[PDB]
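A lone chain, given as structure tokens: the form deposited in one PDB entry.
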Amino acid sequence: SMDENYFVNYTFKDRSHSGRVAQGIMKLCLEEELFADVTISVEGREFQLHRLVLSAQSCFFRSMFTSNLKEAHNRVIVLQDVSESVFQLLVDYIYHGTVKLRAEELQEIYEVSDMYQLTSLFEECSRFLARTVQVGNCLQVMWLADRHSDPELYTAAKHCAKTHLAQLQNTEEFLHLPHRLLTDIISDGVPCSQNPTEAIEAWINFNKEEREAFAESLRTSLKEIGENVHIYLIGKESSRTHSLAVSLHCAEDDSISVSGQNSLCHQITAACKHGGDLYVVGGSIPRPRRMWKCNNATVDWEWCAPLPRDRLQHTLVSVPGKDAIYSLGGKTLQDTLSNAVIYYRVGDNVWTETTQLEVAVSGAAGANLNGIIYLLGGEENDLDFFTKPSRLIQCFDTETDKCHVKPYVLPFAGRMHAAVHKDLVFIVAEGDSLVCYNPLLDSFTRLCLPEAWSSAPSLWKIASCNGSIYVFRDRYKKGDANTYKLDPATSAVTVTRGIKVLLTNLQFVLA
């Protein structure tokens, strides 16, 4: 400001004022319970609350308190649509901002926060509900999201119910759901193996008299799609110097079977799976430039545009939102780390360069999350001309093309593998450790792991498929091919049968 002088006249803005006010309000409202002026009664329990903070936090309480009714002027106000525990948790959230969310009462908190217009808690409860949806309560969550006009949760429930449409066939709530919900879940595109025609005919046959008129509309609005629960495996055989690309298809029985197998005559430096297509980079390498695209149906190889620069151990991240493949970081042939970022347009077969990274890393783990690319771990550039294992977090916003390094740090360092599941990043590092990373709250939750993994200190590859997390072993013994499925709800581990591939070395496992 040109009109302000720091020796006579200037304005003073305090950056710690908001935090100080919040902490003072919390301390004065909870620890001593002072200056209480409105009383709320829930199920016989008496709450002494301050109308100012409640009115500033939510619009509903402001509307009720500013009304001209005698009840607003009354000291005691009764509430009957909430329980004691839920209202206590709500008051805790309003006064502190820290709320302990439990799955048993998530539905109640979701409904009540919608009623009281607490936006942030409603959004967090919606995210928790979208995580927790399973095949058991998919239609109930459909109904809830439609009632409360929540698009994200409704879309998540639609995606979960659409891909398990055959199993929902023999449930009463599937037969009883209105015509609009069925139209929405069908027109989204049901996979061919689920037999949507059986679902349509059964829904019609539930009550033929009152439902026959909707047959033509359902058939016209029907759209069907094909199979992509593929987990791509790139490996090298012990007796061969070429690369083998094996694509596995996951069944509903939790058995994994090989659907195809391809051989490439070139070494591979990096690989990513975009949609249903597999892209590999490798060029008989003092020269990482060539790229080849494999399609499952063709069982062949198609060459794509070469890399604008040849780098070793870069991270290839697939971004279906912008229909692009990103190459981030990576070493150079002169052993100097590079921070160049380049993205490849699948439609136009053209590369482009964007803003460089803040910190150069090589061999990082790249995870795409709602169009934002996270670079996890890798190897930093040590000041004394060498490289050290890294633990920093880098966030790349593809919509804005702006990158920034997170102030937080991973529990471990070094080489790691990242798999995105729902709204979380699961990262597996050396030493049999699994970390569940939530970027919105920016917190870590280590998952317990069975002692059988301690026999050898081998690295583990993690891949996510149709809502299940699979953990693979990098080194396979002769006749010993172990693939561990992980259930994140209870941290259970189940061995999966049906896998027998002569891949001694699993170079890359792609989700």
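Residue numbers count along the first chain shown, from 1. Between two forms, the rigid core is defined as the largest C-alpha subset superposing within 1.5 Å. First, how it differs from the form deposited in another entry.
- Of the residues listed here (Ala360, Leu118, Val435, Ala324), only one shifts its CA by 2 angstroms or more between these two forms after fitting on the rigid core, and it is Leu118.
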Contents of the next structure:
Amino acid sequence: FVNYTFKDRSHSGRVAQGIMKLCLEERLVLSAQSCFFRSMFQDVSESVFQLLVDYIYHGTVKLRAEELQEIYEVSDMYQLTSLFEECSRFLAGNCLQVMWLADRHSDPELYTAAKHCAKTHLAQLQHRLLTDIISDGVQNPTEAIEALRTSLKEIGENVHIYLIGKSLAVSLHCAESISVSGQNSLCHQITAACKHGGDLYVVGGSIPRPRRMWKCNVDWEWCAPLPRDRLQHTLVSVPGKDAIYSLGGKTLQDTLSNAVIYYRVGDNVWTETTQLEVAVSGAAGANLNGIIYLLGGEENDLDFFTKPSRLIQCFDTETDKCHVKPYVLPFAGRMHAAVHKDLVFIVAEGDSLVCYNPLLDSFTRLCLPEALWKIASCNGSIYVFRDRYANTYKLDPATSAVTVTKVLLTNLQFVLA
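The form deposited in one PDB entry done, now the form deposited in another entry:
Since only the chain itself is given, any partners or molecules it might have are not part of what comes next.
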């Protein structure tokens, strides 16, 4: 009745909407977003500057594939806005040029993605950037160098993609086509699997105690069990923190779970962490920049049963906090995901595929060849596999053209990254 502080949470919204309306229908707007304009208040084209001003005032940015270049350059010269971060992440055959672009514009995120691509395809493309490629690793390093010596490394032939079929797991190898180099059988049922750093981790065993975990790569190396018994729990790998996460899951009492646990390869321990806002089961996991996105699955319904979920949950690993997105997925039900650049290529139902960028709120769709697909991303390629044995296809993101690319498994249970 005498003293109180009044904080209007809608002040920013009102002022932004009003500035948008008056400016569009008729220096502060730009200076409030870009430091360089603030300092000043040719390089960019009129068409690109149109989208630049649209982002300055309205913040509505759509891209076509042919403008990323400028959408990078200008967005790193005119401003340090989130536009630059999004365009650079989106940019993350063309590796040799993007290396130079990232080096010249000092981007420590595009540079590593480009070095990865260049090193993986060094054989197919055979100064300081060359040393960085060699130091990172590699498959003809010495031949490429001839075409100093101590600035070289080798990792043999790491498996590009794994896949569990029917019970043996095949270590598929990608050569720039597909190859089958490696094979090992398992005597255990696999509830979940994850590929950490070129190694296969598999969690399962009997259904009432599905905790046994193995590192089969002499195979059958036993690892620390999880303290929970959950089925269809999402298993994700985060080499950034060297941790393997197990989110969600369905308990043996037909009850959904919201618990989250994480493993440590170096310490060989499992540690519990923050719980999920909404319990889900069978959701597809996607690790983007350390943040785990849990997509789809099943959610509680009718107080006793489960319905196909269409929620998106976000687990921030750095802060260890969970929150549910305010928007909804295009579809619901059994789902498969695969991380590519800053996107998740999510596949569900039939002839359905959505490219989802979780930092933002939009889902795109690409036409399939109109045949239960399972997707898997590679160093720079997307491979779609049919649940039942063409058995494999290659998806070109730019043209959406499915091109048929050795399969010895009747069934396809898991297709790891």
